[PDB]
Structures are given as C-alpha cells and as structure tokens.
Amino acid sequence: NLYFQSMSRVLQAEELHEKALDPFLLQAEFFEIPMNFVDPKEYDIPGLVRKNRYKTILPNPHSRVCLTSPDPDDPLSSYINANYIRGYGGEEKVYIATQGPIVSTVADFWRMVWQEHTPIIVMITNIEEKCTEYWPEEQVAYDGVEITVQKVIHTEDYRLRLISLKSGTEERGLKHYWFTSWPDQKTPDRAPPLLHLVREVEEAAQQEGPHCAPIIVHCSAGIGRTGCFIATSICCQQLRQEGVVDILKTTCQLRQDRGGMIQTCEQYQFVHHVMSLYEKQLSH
C-alpha cells in the first residue's frame, strides 16, 4: 500500500468461473484500480525522448532498472524504460517489465540482459507487429557481448531461440520466447495458448534453480500484455499453493511496481478466462 491502497478479492473456483463471465462487474472493479502512471516531467534528462516509444508510459523511479555500466552517474546512459516486478508472494525482482526495444534502445536492452543475468525473455508481439528485431539472424556483438542465436524451435504458439551470451572468459545461455498467438479478441477460446506459454516459462524458470535471475517480459509499451502474462504467472502459483486466485490484488501489486500493468478491461477479463481455464484443468 505504498503508492496507493491495494485492493483484494479472493476467488474460490465457482466465483472465478462466474466472475470471468461478468463483464459489467469486471469493468466496475477494473476501473477502480489506480493506474499509478508516472508524470512525464518526473524525468528531466536531455536525450530521453529517444529512449521511450511512448511519452506517457514511463518507468516508476523507485523500481526502475538502472544501467550501471559504463556510467552509473549519467542519467541518460543509465536509463532504460524498465521496472523490476515482484513475483508471487512478493519475491523481489522475479520479472522485469519493459518496452519492446526500439532502434535506439537495442544496445541498452542487451546491456540490461547482461547486467541482470537474465536467463529468459518473453516477447509477446504478433508477427504482424510494434517492436524492432533486436536479435541477430546468427551473431552480433554489442558493448563487448557476443549474441549468438544457436537454434530456432518453432511451436504452435511461440518460437524459442536458444542464445549464447559471451564476454571475456565467461558465457551464459538465454531462452527467448517469441509468442505470436496473441488474440485481437480476448474470448475464452483464445486462452489456452497463453496458458501454455505461462506454464512453459515457469517450468523453464524452475530449471534455472535457486534465486532465478529476472525474467524479462515485453510487448510494445511493457504494461498491457506484459501485465497479463505476469499476473497469470503469479496467479498460477497462487492457485496451486492456496486453492484460490486474487487477480485484483495481483494487479494492484503489479501497478505498485509499474504503472498501467494490465492496460485494458479486455485484458483484465482475459486473465480471468485463463485462470478459470487453469482451475478447471487443475481439478483433473
């Protein structure tokens, strides 16, 4: 309750199924949740306009990712439009929510990946787009790190790139999940593919072992789709642990970390469809 008083609505199975199908109650609830957007005038940095795809969608200062190499003291050099996001139960820095890289921010995004030892990127952008193609066909170096795409795995609903990051003696792997099945219509029947992504990614995160480095999630602005992904992930853990979901409270927690997470009412509803689905699957 740091930037606003968070809200709660604990759903057991039956209310979750019913809630997901009550759009009047969903909007009533949704449009009461504080957006917690940042005043653009918060950042007074020459050159900053080139670093943001949208002038009004900015990282909240208190949780922004600051790029400490090569000049932690230069506002511009240290800036990226990204926030650390708490996961389930408030675990610090489970995800990073960020905008889709733009031409002038590609090198910055990789700086972030390296700084953070990020093992997994989730990119949620249709093939028809917006977002810049920030990874190489095969290989490229930025700022002393060699990005090598080692393999492209095509699945029904995403393409998985296995990437090598090299600098010095040292070397790390990265999984890059490009999700291409994001619906224009957020109807129940378009929920299974996002569910499958969430599950594939939480498994992969588990496989990283104790204290996983931050998972980078991005769509155009880093709030709408990005927020849907992350809330769904959190609520999957909550349902499995607690036998209930609290998407209201999860959304609130998300918006404390980064303003506008889950941007639309149709997105909010979609998280409910997905979680209704999962609960049904989990009962078998």
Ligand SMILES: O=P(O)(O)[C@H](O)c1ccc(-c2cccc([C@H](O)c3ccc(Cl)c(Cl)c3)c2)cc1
Second form
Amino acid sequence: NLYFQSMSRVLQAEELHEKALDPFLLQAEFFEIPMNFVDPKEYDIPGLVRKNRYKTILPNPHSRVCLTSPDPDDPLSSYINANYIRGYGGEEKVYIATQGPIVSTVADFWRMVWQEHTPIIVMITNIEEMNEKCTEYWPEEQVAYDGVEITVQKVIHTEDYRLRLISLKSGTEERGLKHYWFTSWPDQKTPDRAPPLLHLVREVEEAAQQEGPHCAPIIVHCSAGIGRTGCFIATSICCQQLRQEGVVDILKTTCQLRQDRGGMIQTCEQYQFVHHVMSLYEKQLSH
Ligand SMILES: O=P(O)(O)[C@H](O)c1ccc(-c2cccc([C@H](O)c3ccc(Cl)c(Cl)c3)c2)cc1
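Moving from the form deposited without the named molecule to the form solved in complex with the named molecule:
Below, the chain from earlier opens the complete complex, with every other chain and molecule after it.
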C-alpha cells in the first residue's frame, strides 16, 4: 500500500491445487499486477551503465542496497544493482535480490557480502548459462577482493545444487558463507519440474534458521535478479505462510516483492510455476 495498492487472493488447499492448473485465470491475475519498474532516468550517474547487466532492470531507490565503503557519498562507488527484500510477515531485509555479477561488478558483489554479513547466497543459473547470465565470481581455491580473503573450503555436489562452504577473512575477523548454486532451473515449468526448487527452498530456510537470531540478509541472484529470484523468494515466503496460517497468498506475496524490487516474478510461466511448487508442498505437508 506504499508504492501501489496491494492485491490478495488467500488460497486454501483445494483452490491452490486447481489454481495451479488454470493458466487462463493465472494470466488474468498475473498481468493485473504492476511491474513497478524504475524509470532508467532515475539513475543518471556517470559510469552507471557498466554496473548493469540490463539498462531497464534497475533497483527501486527506496530499498536499494548502498555500498557504504569506501565512499558512501560517491553515487558510483556506492552503487550495486540490488534491493533489500522483506520476508514473511513483512520482516525487513530477510533477503537481498541482485543481478548475477558481471566482470565489472565481481568486487562490488563481495563488498556487499561483507557489508551485509550475508551467511547464504542462492544462485539460480544453469551450467550452460555461465556465459552471459553470471560470471564465475568465486575462486577455484582462494582470491582477495578489497582486503577480504575469500576461500572455497569445500564443494558439495548434490543432484540439483552445488554447495560451496566459503571462508571470508579480513584482519582478525573470519566468517562462514554457504553458496547454493542451483542447476535445475527448467525452461518448461511443468508440475514435474517443481520438486528440485522446493528441495532448494526447504534446505535454504533450514540453513537460515541455523544462523540463529536476527539472520543477516540472504543474497539471491539470477541473470537480472527478478525472475527466478522472485520465484525463489515468493516460494520461501509462502512455505512459511502455509506452515503458520494453513493458507497461501501468492498474489499478495508477489505484490509485496514488487514493492521492494520492480519485476519480481517476471513471467506468467514463472507465476504458474510458483503455484505448482506451493501446490506440491501443500500435498507433502498434508501427510
Ligand atoms: O529464465 P526463465 O524465464 O525461467 C527461461 O524460461 C529459461 C529457463 C531455463 C533456461 C535454460 C537455460 C539453459 C539450459 C536449460 C536446460 O534446457 C535445462 C536445465 C535444467 C532443467 Cl531442470 C531443464 Cl528442464 C532444462 C534451460 C533458459 C531460459
């Protein structure tokens, strides 16, 4: 209700199951939601172009992650294409949604990880997309970016994701980081492709809980940081809503996401996929 009027459709199990399989209603509902995209002219900062994968997919100013070191007063140094994202119940800064780093933003991305104390990164890029959708921003073993030693301590190979256990060191303080590289993102978002995404969501929220009180923001990224990123975060919020309230409101969750970052859940097929994932989870909980 701050940047646009929020919409809601509270779904119980039966309606959730049926809604997932009604593409005609899904498209009518989806295309009524404002994208809440930022006018590109909002960001006329010299050199900004080089920091963006897509010139029209920009962070909404009110929720933008600003890089406060080494110059908070420099519009370029402080810029990253990223937004703080509210979680379930409107909890502030549960996630940060960001574009997949490009060659020129690899160091900015690690500046953001350190500033935010981020304990978990969720990367939604398939292996054959590693060309123009994400740069390999992590090292094979070790790399230093702006006084911070990043060490890949272990690679855990699973069916649907690669988990990297990363160490971050600067001076005397050392931090842990979990990097979830999901490699099972489907082109055809049929119900049979929903289980790996659901598994990833469950694993990440459990790892988030294990960080203990006041978990620092969880970074989530895909190419533009809105489509797949939007799905992941909406699914994560709705799983907590279903467990707490016994209902799901994908519509209201999508509206809340869009208020934080324009275009979250970019396509109708992504919107339906979220319904397939939530319908699947509801059946699993029911046992
Ligand atoms: O960004 P999106 O809007 O979602 C857009 O639809 C979209 C979704 C996926 C892809 C994509 C990219 C590379 C390789 C593949 C593989 O063909 C593949 C991999 C894993 C699985 Cl599990 C499957 Cl089924 C199929 C798919 C491209 C574009």
